[PDB]
Amino acid sequence: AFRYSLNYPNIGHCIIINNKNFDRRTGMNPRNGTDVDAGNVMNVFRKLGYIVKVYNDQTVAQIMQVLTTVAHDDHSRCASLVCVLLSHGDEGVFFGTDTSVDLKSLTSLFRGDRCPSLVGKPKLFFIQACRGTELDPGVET
Amino acid sequence: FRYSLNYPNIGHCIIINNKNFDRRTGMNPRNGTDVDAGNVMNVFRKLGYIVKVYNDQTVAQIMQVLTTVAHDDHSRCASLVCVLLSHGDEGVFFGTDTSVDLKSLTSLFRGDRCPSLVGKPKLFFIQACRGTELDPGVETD
Amino acid sequence: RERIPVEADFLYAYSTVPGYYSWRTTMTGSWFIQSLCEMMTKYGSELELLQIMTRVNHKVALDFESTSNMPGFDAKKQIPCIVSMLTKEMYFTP
Amino acid sequence: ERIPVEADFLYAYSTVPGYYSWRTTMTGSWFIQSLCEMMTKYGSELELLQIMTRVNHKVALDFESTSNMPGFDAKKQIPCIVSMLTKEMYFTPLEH
Amino acid sequence: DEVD
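Chains as they are written, first to last, in the working numbering: chain A, 1 to 141; chain B, 1 to 141; chain C, 1 to 94; chain D, 1 to 96; chain E, 1 to 4.
Source of the hints: derived by calculation from the structure; they are not laboratory data.
A few of these clues could be false.
List time: in silico PhoX-like cross-link candidates among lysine-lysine, alpha-carbon distance up to 20 Å [stated by the list, open to error]:
hint, chain 1, residue 1, chain 2, residue 2
1, D, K87, C, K42
2, B, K46, B, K19
3, A, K47, A, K20
4, C, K42, C, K59
5, B, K19, D, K41
6, D, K58, C, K88
7, D, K41, D, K58
8, C, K59, D, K41
9, C, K42, A, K47
10, D, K87, C, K59
Derived contacts from chain D toward chain B, CB cut-off under 10 Å, selection only [stated by the list, open to error]:
hint, residue
11, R23
12, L46
13, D62
Each residue gets a CB set at the ideal place from its N, CA and C atoms; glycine is no exception.
With the rest of the complex left out, here is chain A:
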């Protein structure tokens, strides 16, 4: 089969982690306009059939609770899983409202030996966050 099957009752869930306001004494400026990102995404995936839930201003621990709970649910009836991550970041790390966490720690919750009911099914992460401080100057064609 060349195509992931859509022969499931539900195309699946869409979890949006939307981080706007951060712990002040970390020095992270608010992410103004992240609310339009989250509403735009929610509407896109809602109209495609996904069941969308939005989690605003989650700490690292809270993100893990959210995604650990999703990973332990039953997805027998779901064709896929979507996860949109909107926050600050650095190289390899995603920022809660409190501090950073390794992205590998978020994504590995859905690994095939840990998330059985999503085995063989597309698991789709979209990650809006910085990955460092380098800036791309561009080049004229």
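Fit chains B, C, D and E to the known structure of chain A by using the hints.
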């Protein structure tokens, strides 16, 4: 859109092929890499690439090879292909002598460092280890 | 039954390159997410997801350029980074 | 027009960051032999990301390690396709 | 089978 093939040459295929390593490294021989290198050569030569194979290259040799390719004129080339066959670790590629950061190799062709290739596809194929984790697999249907 | 890698069938669609900053506007939002939503809207019911993301890459690369009156941060560009461990084509409509 | 200096790269990795990458004795690495067989089969038909998807599938399904080395037996692999391409990539002017 |  699609990358235009309307060029005289589809482009160059550079293969870096490392079988035997400096005994000071302790890395074991990569027996059968000549099978990989010959299969790649045959494949890309059949689509019109001009294939050059560089065998058992040290870090510094690799760097000079690719820097030369970067600094050449590809105005007639539609694309560039580079195949890297060696040992590796997370983010690094082993010359026969020691490791080098992969970013150092590939950034030689970045848009502002290699203007002859701006807007054309730079295609790397990397056969190397990226760490020491092993994938146990999971049974499905 | 058959065994598959525990890391199979993931797609990590990053807004930017490893090591690079990621650009967002206060009014319209993220360059990447805004471009994602636009291409998903136009093509979600017709194209395969990796093809969609390549068009998102085209939009982010060509349509946006930064502005900041801290001129070390001005006139910068961004390209997203599509990381696929997918083993089949992903279409959102059968 | 200006384009990003990092644009129009593809990094097709044999394996996932942090992971070992597997070879056969002397029949080639799993990744490169699957790449060559899908290039051979589809290089005049599919665009590059479609090909590498079928490479990911062939590596993920048809290979499993046999080793007497402790802890290395019956292991799996999936390649890792990193695209900053901005267009479809075909290797022939007309796909058939 | 062996590793890189």
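Each hint tested on the structure:
1. D:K87 / C:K42: 17 Å, holds
2. B:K46 / B:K19: Measuring from Cα to Cα gives roughly 25 Å; hence the hint is violated.
3. A:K47 / A:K20: 25 Å, violated
4. C:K42 / C:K59: 13 Å, holds
5. B:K19 / D:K41: 28 Å, violated
6. D:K58 / C:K88: With Cα atoms ~10 Å apart, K58 (chain D) and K88 (chain C) stay inside 20 Å; holds.
7. D:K41 / D:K58: The hint holds at about 13 Å.
8. C:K59 / D:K41: Cα-Cα ~31 Å, so violated.
9. C:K42 / A:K47: 13 Å, holds
10. D:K87 / C:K59: Holds, at roughly 11 Å.
11. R23: 6 Å, holds
12. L46: 12 Å, violated
13. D62: 13 Å, violated
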